Amino acid sequence: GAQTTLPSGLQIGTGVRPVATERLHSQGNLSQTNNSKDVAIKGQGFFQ
Amino acid sequence: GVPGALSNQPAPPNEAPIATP
Amino acid sequence: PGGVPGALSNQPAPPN
Amino acid sequence: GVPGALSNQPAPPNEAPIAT
Amino acid sequence: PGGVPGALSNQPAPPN
Amino acid sequence: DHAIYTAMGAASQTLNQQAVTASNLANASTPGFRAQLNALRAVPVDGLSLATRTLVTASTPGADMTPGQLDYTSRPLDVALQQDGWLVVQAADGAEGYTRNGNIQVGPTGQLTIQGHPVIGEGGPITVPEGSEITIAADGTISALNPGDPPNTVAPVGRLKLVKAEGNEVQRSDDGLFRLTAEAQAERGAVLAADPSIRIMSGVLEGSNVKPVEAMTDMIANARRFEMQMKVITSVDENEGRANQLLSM
Amino acid sequence: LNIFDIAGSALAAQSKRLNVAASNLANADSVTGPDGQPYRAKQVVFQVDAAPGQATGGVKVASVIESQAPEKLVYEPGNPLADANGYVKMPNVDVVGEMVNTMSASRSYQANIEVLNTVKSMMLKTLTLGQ
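So the sequence lines, in the order shown, correspond to chains v, l, k, j, i, q and Z. All letters in the first sequence, in the order written, are residues 53 to 55, 60 to 104 by the deposited numbering. Using the deposited numbering, read the second sequence as starting at 311 and increasing by one per residue. Using the deposited numbering, read the third sequence as starting at 309 and increasing by one per residue. Using the deposited numbering, read the fourth sequence as starting at 311 and increasing by one per residue. Using the deposited numbering, read the fifth sequence as starting at 309 and increasing by one per residue. Using the deposited numbering, read the sixth sequence as starting at 2 and increasing by one per residue. Using the deposited numbering, read the seventh sequence as starting at 4 and increasing by one per residue.
Misleading hints may appear alongside valid ones.
[Unchecked claim] Think about it this way: if two alpha-carbon atoms lie no more than 25 Å apart in a straight line, the pair counts; the simulated SDA-like pairs of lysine to any residue are: (1) Z:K19 x q:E239; (2) q:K232 x k:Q319; (3) Z:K92 x Z:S26; (4) Z:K19 x j:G311; (5) Z:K45 x j:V312; (6) Z:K75 x Z:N30; (7) Z:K75 x q:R180; (8) Z:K92 x Z:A72; (9) Z:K75 x Z:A25; (10) Z:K75 x k:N318; (11) Z:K92 x Z:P73; (12) Z:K75 x q:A23; (13) Z:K92 x i:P320; (14) Z:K19 x j:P323; (15) v:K98 x q:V155; (16) Z:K75 x Z:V98; (17) Z:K19 x Z:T59; (18) Z:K92 x Z:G36; (19) q:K212 x v:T70; (20) Z:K75 x q:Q172; (21) q:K212 x q:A27; (22) Z:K75 x q:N17.
To be clear, the hints were calculated from the coordinates, so they are not data collected in a lab.
Whole structure, please, built from the sequences with the hints as guidance.
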């Protein structure tokens, strides 16, 4: 309304909704496997 | 005057604002 | 010219 | 006319369809 | 002319 | 006969408050959520003879603006603001808006968006170089280093637009984005200037400020009030039922 | 004798209001009608019915209107009825208001019934006049 006193009005909400689930692309730790075929990526990259 | 009497005039409209004008 | 009876006319609404 | 008046012609049949 | 009175004629039914 | 309406109104508005409270509790985990405060206001009926009728109506005087507990997520794009600070994001209708959700995402082409709203810096929406690591300083300075580039090339890019505005001067819009009130717009201009005194922390996300004690007490009070009003209604209805017998000659 | 018309009009109007309240209660959780539009709550409009010029009279239901109150929005994007933002329009029926309307209409209905009984007795007794 037109305005010492509290504001007027009633804006009711509607609820919650999930918008996007994100993955944190931070480099993980390295685990040692002696087999010669496993390799680990040092940085921002993916195998095709 | 007394509630329930007889008068020749209609009562004023019953307005109830939410905020001070 | 009476208006809507009951619920709608017994709720506080701003004049228009 | 008036909801409770008298007319000479029958009221049209009323049907309630599920979907139009 | 008429039909079943009460329950079977006072519910929404598929067209037929 | 109309005393059955007064109480009814209270009962109805009680449900309204409950809705608001639920709308708060559904957003207990929403990042940068500002819980809406509810308040019943009494309206008296101005008329002839005693004004023995005073109804209620619920209202939401803005939001609760105490900052919530911070969440330490090891993401450099996540920001948490100093108390009474706002990020400026372009809203849906090409206009400015203020938010506290500091979960900034990078688009495929390098646009910084919060919840799909492109963030606005000192020069407008921010264009980040294609796929680069972003570090935000304590004042909003953005440094981009295409991961793998000489680390002495941590070149700055821009600065976020951080706005100081207290809770009295801001009203929520229907999209959940806060804006300035008409009085605050008249007294402080349309678009607010960036305040360099606001400190922004990178790597922390701010949660909601829904206090559960207040919610529980509100639910208990609402239930009790609803039961009282329904009782008044039953009493009035029974009285009128008995009184209708007076018309039999 | 006009009192029969007045009170019958009152009874009909209160019956219409009660039917509208029952319709509002029945479809408080309704999603869609026969078409794709939601259920807008109904309200009758009471007016003063004075066919002659003497100001006052009985009550008549001029029309049934759909309250212009805003439509409740629920987030259901998998519903084919949802709009661009995934919201579905659910009716704005005031449950407590409609129950109170039911009870108040019932009480007014009985008051008019009692009036009709009393005046019917008086009009039966006036035929006895001096005989």
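Hint-by-hint comparison with the structure:
no.	hint	result
1	Z:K19 x q:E239	holds, 23 Å
2	q:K232 x k:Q319	holds, 20 Å
3	Z:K92 x Z:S26	holds, 18 Å
4	Z:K19 x j:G311	holds, 17 Å
5	Z:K45 x j:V312	holds, 21 Å
6	Z:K75 x Z:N30	holds, 14 Å
7	Z:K75 x q:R180	holds, 24 Å
8	Z:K92 x Z:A72	holds, 12 Å
9	Z:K75 x Z:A25	holds, 20 Å
10	Z:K75 x k:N318	holds, 20 Å
11	Z:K92 x Z:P73	holds, 9 Å
12	Z:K75 x q:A23	holds, 15 Å
13	Z:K92 x i:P320	holds, 23 Å
14	Z:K19 x j:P323	holds, 20 Å
15	v:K98 x q:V155	holds, 19 Å
16	Z:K75 x Z:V98	holds, 14 Å
17	Z:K19 x Z:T59	holds, 21 Å
18	Z:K92 x Z:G36	holds, 12 Å
19	q:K212 x v:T70	holds, 19 Å
20	Z:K75 x q:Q172	holds, 21 Å
21	q:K212 x q:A27	holds, 12 Å
22	Z:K75 x q:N17	holds, 13 Å
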